[PDB]
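Given next, in structure tokens, is a single chain: the form solved without adenosine-5'-triphosphate (ATP).
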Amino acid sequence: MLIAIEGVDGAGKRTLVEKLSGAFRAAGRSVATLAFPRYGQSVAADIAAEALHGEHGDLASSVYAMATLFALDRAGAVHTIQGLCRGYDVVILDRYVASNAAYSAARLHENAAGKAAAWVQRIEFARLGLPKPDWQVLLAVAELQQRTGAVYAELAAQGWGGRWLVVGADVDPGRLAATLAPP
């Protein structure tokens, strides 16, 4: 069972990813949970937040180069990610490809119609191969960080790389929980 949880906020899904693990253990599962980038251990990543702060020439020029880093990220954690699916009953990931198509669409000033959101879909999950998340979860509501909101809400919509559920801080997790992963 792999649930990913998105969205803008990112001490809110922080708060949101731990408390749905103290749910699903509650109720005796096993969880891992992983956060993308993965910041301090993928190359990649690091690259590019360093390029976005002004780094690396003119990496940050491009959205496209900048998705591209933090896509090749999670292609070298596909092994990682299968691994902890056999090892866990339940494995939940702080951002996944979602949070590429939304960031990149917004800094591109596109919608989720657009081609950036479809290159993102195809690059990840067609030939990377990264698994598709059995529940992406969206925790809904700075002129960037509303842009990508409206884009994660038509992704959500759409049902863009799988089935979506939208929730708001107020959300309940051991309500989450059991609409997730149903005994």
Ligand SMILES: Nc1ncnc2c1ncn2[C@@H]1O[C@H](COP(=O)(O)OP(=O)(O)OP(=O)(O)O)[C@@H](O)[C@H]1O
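Residue numbers count along the first chain shown, from 1. Under this definition, the rigid core comprises the largest set of C-alpha atoms superposing within 1.5 Å between the forms. First, how it differs from the form deposited with adenosine-5'-triphosphate (ATP) bound.
- Superposition of the core reveals a Cα shift of 2 Å or more for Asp9 between these two forms.
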Contents of the next structure:
2 protein chains.
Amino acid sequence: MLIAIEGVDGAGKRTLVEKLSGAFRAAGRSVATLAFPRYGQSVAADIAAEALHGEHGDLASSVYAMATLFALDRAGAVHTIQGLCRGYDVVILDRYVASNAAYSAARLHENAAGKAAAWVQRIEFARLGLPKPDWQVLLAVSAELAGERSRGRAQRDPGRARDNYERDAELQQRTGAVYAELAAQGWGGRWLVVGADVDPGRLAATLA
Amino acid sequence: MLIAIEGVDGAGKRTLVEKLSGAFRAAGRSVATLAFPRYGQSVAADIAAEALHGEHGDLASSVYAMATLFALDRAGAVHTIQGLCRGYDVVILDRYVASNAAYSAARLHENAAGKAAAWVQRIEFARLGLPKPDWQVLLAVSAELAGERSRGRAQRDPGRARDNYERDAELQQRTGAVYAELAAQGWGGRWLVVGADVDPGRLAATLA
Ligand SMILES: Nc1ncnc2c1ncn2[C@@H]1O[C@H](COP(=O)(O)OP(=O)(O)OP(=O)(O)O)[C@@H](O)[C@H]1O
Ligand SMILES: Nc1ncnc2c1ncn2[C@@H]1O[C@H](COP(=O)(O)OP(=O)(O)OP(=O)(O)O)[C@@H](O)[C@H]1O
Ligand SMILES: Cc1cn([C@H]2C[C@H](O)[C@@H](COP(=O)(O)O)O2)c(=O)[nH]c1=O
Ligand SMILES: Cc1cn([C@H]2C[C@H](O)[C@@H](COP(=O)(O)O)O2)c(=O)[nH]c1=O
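Show the other one: the form deposited with adenosine-5'-triphosphate (ATP) bound, since we just had the form solved without adenosine-5'-triphosphate (ATP).
Let us now look at the entire complex, which starts with that chain.
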């Protein structure tokens, strides 16, 4: 089973992955986790991050260029994902294809039924062959709280200055809204919308 | 030995590669040829071409985004290039790293000593590890003649409509000028500037 944890930056995704992993292992399931972007491992991922921090000229100014880099990173992980699904009972991804749909649509002020979301569908799932997840869990949080976390993280870690998207409060707001639409639409597969207070044990039971 | 044939679109590069290959083989050297972009083989290359034909939203509007796609295509060919150099006496490339420097600088109205050219140097040769060619042959041609060839090709082949750059006559002009500067500068290695009338036998002798 392939599960993707989605949400805006600062939503608490990494923490949910950790808690969920423990819940699954408690239930006797083998668990593997993979996070996107695959920084260090993927040049596309690194260039994208660098672009979001002021490098590489006009690269970040293009919505589709950024989406393409994140898609190329995932395309290079297809073998990894297939291998993990063959080796473990549960594979949990911290961010996946839906991240591209949410942020891309938001940057263009489009909704989940828009052009960008459809483009991501055609490119990543169909053309690049990324498998559709069995579950996509939206960790919904208020834009204000998520933002406060992204800022706090930058104040405590010098190698963690916020990226261009995180410095755009309205973009974060719109991204959260597109995520809610994607979930209601069942974009790319079935979704579950949860909060930071969700019970790992029950969530794992629902997913397994 | 690694030789790259450079020049604007419609300059006559493919023809020179063919004639040069024959000249080298006549001299008893084994020859291999590789062309960039690696259409079909590289997703980055295909997406880039598609973007230059009106697809993928605002992707082509970013100079660095386009340069990145062409660089990622080449990065995926490093193994191929090293293998060819180990297996043949001469390896001839139809377009290489300099193509990115020339077109990128031109789109930004910069010269060979500019930011874009330097960025290409840092990314492709240093960061991505692409080997610097032993020779870079600039097939210089008048912008008018090159353009007439690109147009004529589109009139005869339906699957060959001109790309966005080819539809920009001034851009082609500026690209030719940046190429001349790159050659005079010895950018990325030594260059040779030749015309369509160059003698394959002598050119091959010079390169070998
Ligand atoms: N970014 C990553 N996050 C988590 N696990 C990863 C990541 N990249 C690779 N792995 C895991 O580490 C082990 C793999 O890597 P290696 O990188 O050694 O694989 P390969 O030798 O390229 O094998 P394969 O094609 O199966 O991935 C695999 O079992 C894979 O599931
Ligand atoms: N786009 C290309 N143009 C010309 N020759 C190519 C191209 N792609 C691969 N080749 C050549 O075709 C043969 C290779 O390909 P294959 O694609 O079968 O290689 P591999 O099995 O991936 O081997 P290697 O790592 O050596 O490339 C090689 O000898 C290589 O030099
Ligand atoms: C994985 C992914 C991240 N992003 C965004 C989220 C951030 O603003 C940034 C990097 O992600 P990260 O904060 O999870 O490391 O890029 C996308 O736009 N598309 C994607 O596919
Ligand atoms: C290989 C390469 C081509 N190009 C340009 C030349 C064209 O306008 C187009 C495709 O190249 P092509 O006409 O040789 O198939 O992109 C670059 O800008 N950078 C590159 O690295």
